[PDB]
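Asker: Each chain, letter by letter, is given below.
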Amino acid sequence: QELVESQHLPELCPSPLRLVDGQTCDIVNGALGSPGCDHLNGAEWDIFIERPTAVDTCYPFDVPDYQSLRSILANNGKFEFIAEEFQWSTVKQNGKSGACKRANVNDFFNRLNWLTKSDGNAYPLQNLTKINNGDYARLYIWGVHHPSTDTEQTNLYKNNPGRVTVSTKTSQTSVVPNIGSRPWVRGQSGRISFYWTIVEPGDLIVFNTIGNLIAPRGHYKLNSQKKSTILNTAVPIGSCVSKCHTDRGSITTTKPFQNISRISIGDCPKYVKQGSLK
Amino acid sequence: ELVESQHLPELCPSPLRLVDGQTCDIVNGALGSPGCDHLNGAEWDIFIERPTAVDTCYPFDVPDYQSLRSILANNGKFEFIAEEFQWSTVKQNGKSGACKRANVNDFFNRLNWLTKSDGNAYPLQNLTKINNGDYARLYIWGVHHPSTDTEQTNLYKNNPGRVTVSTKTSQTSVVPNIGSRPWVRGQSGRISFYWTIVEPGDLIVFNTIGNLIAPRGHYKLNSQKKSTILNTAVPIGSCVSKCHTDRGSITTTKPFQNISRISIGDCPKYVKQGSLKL
Amino acid sequence: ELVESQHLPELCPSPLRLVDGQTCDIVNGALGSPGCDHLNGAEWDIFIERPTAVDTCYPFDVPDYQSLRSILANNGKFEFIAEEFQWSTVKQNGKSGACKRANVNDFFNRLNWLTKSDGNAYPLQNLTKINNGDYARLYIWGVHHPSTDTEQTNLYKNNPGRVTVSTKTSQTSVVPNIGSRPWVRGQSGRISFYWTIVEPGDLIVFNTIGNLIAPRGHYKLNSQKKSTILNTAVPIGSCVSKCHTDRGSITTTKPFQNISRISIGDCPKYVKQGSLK
Amino acid sequence: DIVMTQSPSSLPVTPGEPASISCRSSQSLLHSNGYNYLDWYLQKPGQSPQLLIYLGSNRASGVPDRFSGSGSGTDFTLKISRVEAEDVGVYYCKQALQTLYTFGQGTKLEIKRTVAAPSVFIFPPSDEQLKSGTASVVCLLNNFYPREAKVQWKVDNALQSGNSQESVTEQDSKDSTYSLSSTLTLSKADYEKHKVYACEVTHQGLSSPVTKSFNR
Amino acid sequence: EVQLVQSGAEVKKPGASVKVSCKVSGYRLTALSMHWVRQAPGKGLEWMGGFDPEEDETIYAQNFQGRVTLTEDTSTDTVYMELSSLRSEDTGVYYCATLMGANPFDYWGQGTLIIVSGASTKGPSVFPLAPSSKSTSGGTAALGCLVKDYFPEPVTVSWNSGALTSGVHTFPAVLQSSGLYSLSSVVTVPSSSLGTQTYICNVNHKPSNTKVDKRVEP
Ligand SMILES: *[C@@H]1O[C@H](CO)[C@@H](O[C@@H]2O[C@H](CO)[C@@H](O[C@@H]3O[C@H](CO)[C@@H](O)[C@H](O)[C@@H]3O)[C@H](O)[C@H]2NC(C)=O)[C@H](O)[C@H]1NC(C)=O
Ligand SMILES: *[C@@H]1O[C@H](CO)[C@@H](O[C@@H]2O[C@H](CO)[C@@H](O[C@@H]3O[C@H](CO)[C@@H](O)[C@H](O)[C@@H]3O)[C@H](O)[C@H]2NC(C)=O)[C@H](O)[C@H]1NC(C)=O
Ligand SMILES: *[C@@H]1O[C@H](CO)[C@@H](O[C@@H]2O[C@H](CO)[C@@H](O[C@@H]3O[C@H](CO)[C@@H](O)[C@H](O)[C@@H]3O)[C@H](O)[C@H]2NC(C)=O)[C@H](O)[C@H]1NC(C)=O
Ligand SMILES: *[C@@H]1O[C@H](CO)[C@@H](O[C@@H]2O[C@H](CO)[C@@H](O[C@@H]3O[C@H](CO)[C@@H](O)[C@H](O)[C@@H]3O)[C@H](O)[C@H]2NC(C)=O)[C@H](O)[C@H]1NC(C)=O
Ligand SMILES: *[C@@H]1O[C@H](CO)[C@@H](O[C@@H]2O[C@H](CO)[C@@H](O[C@@H]3O[C@H](CO)[C@@H](O)[C@H](O)[C@@H]3O)[C@H](O)[C@H]2NC(C)=O)[C@H](O)[C@H]1NC(C)=O
Ligand SMILES: *[C@@H]1O[C@H](CO)[C@@H](O[C@@H]2O[C@H](CO)[C@@H](O)[C@H](O)[C@H]2NC(C)=O)[C@H](O)[C@H]1NC(C)=O
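Going down the list, the sequences are from chains A, B, C, D and E.
Counted the way my numbering counts, the first sequence spans residues 1 to 278.
Counted the way my numbering counts, the second sequence spans residues 1 to 278.
Counted the way my numbering counts, the third sequence spans residues 1 to 277.
Counted the way my numbering counts, the fourth sequence spans residues 1 to 216.
Counted the way my numbering counts, the fifth sequence spans residues 1 to 218.
One chain only, chain A, in its complex shape:
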């Protein structure tokens, strides 16, 4: 009897594990809410099916410690966004860009708020504090804008240079904008660096900025007991029934081993290198 399974299904089984197809959106742009990611709103999954053919559909961004945020989102298992009112003073809100247009209408990340200087040429110190008086942990996603020239920095937020400072009771992250021209991406040379902060129940979070703040419009509910994961595969989702899934397809077998793919999720046999004897 052969002990190594070598044949996988040509599809991913949506049963019994609850799968969610990110389609054009990876899990990061889904949390940011880039154009075309609105279908993931309120979704819950046991496995997030991320596609390798995913595309960026907004401002050119980069995430310091990208894999950690990607892991926190997938390990949560849901996109439950709670909108909050942030009393930003004087500054302009709802900044939009041509590199992030929905139906040729300049827009932005629907979960973020691009703050800009007022028409009176004023960007005062913004000091906002949110208290987590609930029974769940909050996840705040905020960004820092990096303009191209010293002219752009003053034309958008007046103050030069800017500063972004998000702090809790036991931590503090402070970033200074890195003004400089970068390669052209999606029609613009500027970049936005996104960060995240987790606020436990009973903790506080303080947004303190003098410019370049990509303000959050709320927070995501962090599951009390987080599970689920993510699989970056191009295999389509079929109609089979299996609790084993790989980046090359699902597996329906009783054999204890398999030489298909290391990337296995769920009730899957242990991966072996190659070969099969008895």
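One or more hints might be untrue.
[To be verified] Per label pair, the in silico range of CB-to-CB distance:
1. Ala234/A to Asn231/C: 29 to 39 Å
2. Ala233/C to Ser75/E: 24 to 34 Å
3. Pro16/A to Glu84/C: 52 to 62 Å
4. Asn105/C to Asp119/A: 54 to 64 Å
5. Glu55/E to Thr52/C: 34 to 44 Å
6. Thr156/E to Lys174/D: 19 to 29 Å
7. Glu84/C to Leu204/A: 53 to 63 Å
[To be verified] The calculated DSSO-like cross-link candidates involving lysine-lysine, where the alpha carbons are at most 30 Å apart (straight line), are:
8. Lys211/E to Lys13/E
9. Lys188/D to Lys13/E
10. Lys157/C to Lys174/D
[What the hints assert, rightly or not] Partial chain B-side listing against chain D, Cβ under 10 Å, derived:
11. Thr253
12. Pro255
13. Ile262
14. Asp266
15. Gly274
The hints are simulated quantities; they were obtained by calculation from the structure and are not laboratory data.
Beta carbons: idealized from backbone N, C-alpha and C, even for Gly.
Given chain A, work out where chains B, C, D and E with the ligands should sit, using these hints.
Answerer: Chains B, C, D and E with the ligands alone, transformed into the frame defined by chain A:
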């Protein structure tokens, strides 16, 4: 899509318990023809009967063949209960060259071929078996049909013979039909096998003056008869499915299938050819 | 060999100007159905209509559908001219759930759904347009068909209604047919679209007491009409050919071909098949 | 055979209000697939049957979102969020498990109306009809609700049977009334053999039966 | 989409044999299971038989006593339903449909009305319904017309050449045991209009080229 059209290239041995008949159909497995020893004591949810199966013993036929085949499969086990039968004077353990096991003339290991004694005596046999147990019994017996009137008297003295099996509410009596029949496995004579179910508290009487293929015991009949039989040449693999067809197993959440009319278990409702979407 | 039997697996976008309708056929593109905005202002020598097209708005039927399809294709462009229509009292910009545009109940962006006012009044609308321009105008208008008598009164007060459009040498009137019909896109009613061509110097009159799917303007009709339509699922490639079939383009010097009857442009004669020259 | 017992039989519902029709079978309609093989049909007035809910709760193609189904085993239910005039007719539930399909009795969906009362009239045969050798006495029930009504004929105060045939109009489009006509066909001989004629009417709106009579 | 077209209406005298057609356009019958359901007028749906994909055999409902005969022509893609030994209760609409329990689709046909009554084309006989004397204390007049003994359907009944439409109730016809239809058509008018207005019902029966009028007087 609501019609599943793709089946697996194998029969899943899990979770349903499958038993491979291999060279024996379920009928020779009950009679105990050569090669049918691997089924002794087997239990199955689905008996897999191969079309390539062949007859390996005496040329025989079963009046109402499909009923006995259904009874053997619906029971779901081969639990023989041997019994001592006090046959008087007559010879026992008849063997045939058309039933060679290990190049040795043999017979059905569940049947006993009674022949006349060396003193040319085949007296009347009137044996009675009382079912004083807690389960229904299944007795399988046969009637030999010689080729010529000379063969009839050479084997059983009396011409014509007679086989009469009776219970409290039923009686089946057969007179041998003599006549040279087409050459099958080197023999023109044939055997007609019959069966009789004896309920607990009922009796059975084997009364013969010749041509009786006597049973060596009986099979246990389960109180709950839930198994079935599937005749297919598809091999048994290592997949996991509760749906099986004569073309292979199916793993799907779809509500319909256009693969095969023959389906067993947790299977989608069969539809005619074709398949569209919603 | 005198019979070309091998076609290309794609449609050549050169030299002829091709326009892919994609999810929209040429009719929903003219009506301005959802997802058909990519055709606004497009010009074509051959309109590539996809068989896998889908109705994206209100369920509708068009009498003499093939003729209007030929008129739009033969024209060769979607040049819409918006006109202000002074509808009195009645409600305008009627939207339906069977025509969701980005999860928002919308309607044909070239048509205006007139409804009764909140004061329960549908006055006789008698508007007229004069074609003072030098180009013939193509007006597309519809007639709504409710499912019950209650739906007719709840929408247009007047039971029954009437839709009448007339020019100098024509007058077409329609009476709404009321009846429950098969559920199509979450709707039991239907709309019957009609068209009227107005020559330079001619006039057109829209006269209704109810059930009018009013046009928001008119399409420009080219003086010369030289374009056509091709209904095929073959994708558009990068080859160079002046011959196109529903099975693909053809690049050959042979005088005959046994590939497809449906050929457009500089194409060899479609012979009745053939094994040899 | 599997028996389908739809309830209720008549479902008067106000437009813009919800409704519910329960379909109860006699055997489990749950295949091992977990797919409850039961469908919901709607036969609109003067129309071929059409499908609304398939496979227990899955909404059929093009069906409005207001329709919805639920249930399992031997108990199922069809629901409409906001009933409208487009939803009038009689609904039937099938049975897809056994291919010997057994439909239900059907639930008629009327529009709720004030109870009101039936206006009863009687029309003696014409002298021109009796010239040909036949007498037909027509009884009229005008504008009543609900549809259920009992019409009894009495010749010389003796109850008749088998010699009458009644018909009812559809639900009116404005006041949602029904109208029923009952004609009593007699031969010219038996018509003159008696004189007292009556037509008794029993209805929900009537506290006591109403009788209209004539003597000729 | 699949289109099911049924044959035209059929009228056969009792004891004969009907043969209903059902042509499928849009899908091969070789890949479709066809069924048949009739509905008696004023009643409910009744399953008659059809084809079961499993077991692979046209199953007929035994309640129809084997009178049903289902034959299929795969060349024309047409199903034939033959009901023999026609009785007075076999009148109604007969549908052909690819029911969901057998095929993933669920389409129906327009229906083939089968009238079993034995007769020929006959014009109607109109008799006025005199103003009801039992309308006492009613304050409203009740009058009508009796269209009796005609075949086949339909008849169009107007009042005063279509001028009178308010309070008009044209009752559906009934099929008498003789094989002829009969309906009543009544109108409600003010009682004072009894001696001031003349009412006349206009009955039209196209199958017999009959257009008779009738005066309704006290
Ligand atoms: C920004 O807004 C926050 C929230 O209102 C405030 O920060 C806090 O400011 C107080 C002084 O006003 C700091 O001292 C604290 O005072 C409280 C009240 O007397 C006292 O209970 C504490 O023990 C402490 O002494 C406090 O540290 C500070 N909290 C921070 C910075 O997290 C204030 O309105 C603004 N703060 C700044 C730095 O702009
Ligand atoms: C994963 O494991 C499978 C088997 O579980 C490997 O399949 C291999 O497939 C090749 C096909 O060319 C087999 O080659 C054959 O070898 C026999 C040896 O006697 C020879 O007689 C035949 O002519 C043919 O060359 C190979 O045996 C088979 N390996 C087994 C059965 O262990 C597969 O290569 C493994 N790796 C991957 C990446 O799939
Ligand atoms: C073969 O052996 C069996 C078992 O010994 C015989 O069965 C029994 O035969 C006796 C004698 O014929 C039966 O007795 C009879 O009982 C009935 C009442 O039931 C009575 O009316 C008769 O006068 C007689 O006494 C006995 O019932 C029967 N066993 C059963 C369970 O019925 C059988 O007869 C033997 N056959 C031959 C051919 O020897
Ligand atoms: C059972 O259902 C399946 C699924 O609908 C049916 O499959 C159909 O198979 C035909 C085979 O000719 C497909 O047509 C062509 O297939 C080729 C494959 O190379 C493809 O390149 C063409 O574009 C075209 O699709 C067909 O697409 C496929 N599906 C449908 C909906 O027809 C199968 O035929 C059914 N079995 C029976 C016995 O009816
Ligand atoms: C809808 O509005 C249009 C606006 O042009 C009306 O069309 C034209 O209206 C004028 C009004 O003076 C009509 O002129 C009249 O013509 C008759 C016959 O020649 C003449 O005897 C009068 O003295 C007066 O000059 C003109 O005929 C008419 N053109 C048409 C009807 O084609 C139209 O009448 C309006 N329709 C409604 C229903 O309101
Ligand atoms: C068009 O003509 C060509 C040329 O004869 C045909 O091609 C033949 O097709 C058959 C069928 O597969 C092959 O066996 C031959 O080898 C092909 N070549 C020749 C020279 O016969 C083609 O079939 C024709 N097409 C049609 C639709 O009739």
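Asker: Check the structure against each numbered hint from earlier and tell me which ones fail, lowest number first.
Answerer: Of the numbered hints, 4, 13 and 15 do not hold.
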